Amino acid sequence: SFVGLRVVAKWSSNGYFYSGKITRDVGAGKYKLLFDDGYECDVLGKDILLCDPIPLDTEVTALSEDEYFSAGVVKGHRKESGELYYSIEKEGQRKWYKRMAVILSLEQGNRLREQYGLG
């Protein structure tokens, strides 16, 4: 029933959560995840956030044009040609980011677990 859903998920205890989709419910409380950047691996259910899109005013980490990740806040989203873009504000300025450019630190994702955790 989670198969096919978009999620944000991590694969290490202290890692960042990345956008992807569940492709299979597998053994031992794990799910096969296909990340948007093409990486596929099994992940623990506890490490999955069923939030799509990430809601307004969520604190996230986003890859800017200058190739740095830094924190920002979600202020909007846009769907174009099947792709999702987030409007994220950093230091007072909004820019648009591809879905795959928006990740969550351990702390940022832990903030979403009570509302959006799987399980």
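Numbering follows the first chain given and starts at 1. Definition used throughout: the rigid core is the maximal C-alpha set that superposes within 1.5 Å between two forms. Compared with the form deposited in another entry:
Put the two forms on the same core and the Cα of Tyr16 is off by less than 2 Å between these two forms.
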The other form holds:
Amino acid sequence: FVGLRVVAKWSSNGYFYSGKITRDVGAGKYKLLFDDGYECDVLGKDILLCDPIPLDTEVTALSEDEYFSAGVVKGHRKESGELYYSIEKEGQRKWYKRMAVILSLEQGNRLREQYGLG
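Next up, the form deposited in another entry, please; the one we just looked at was the form deposited in one PDB entry.
A single chain, with no partners or molecules, comes next.
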């Protein structure tokens, strides 16, 4: 799974963030380089093998002035080599960059069976 882009749990807070597996560190763990530059060891069970976050996934969308809310991925777009998510909330859609989309513990848990490593 080394070099693959994933969505993984940051241990200290239960949230799942996009990043890449850089190394297999053994004991069921892998080194992760997160898209924000942070690094840590994550257990295979806490790594979802999906890039991009799939359509119809319930996510946490991050706005300006630290505001965040739940919504559903209804689109993917590529623009100048960057990924954007079209997130639906109360029948309307807004575009969010890859760095503005995360999963809560419960939202991530929902993808474990189909996308988890373990």
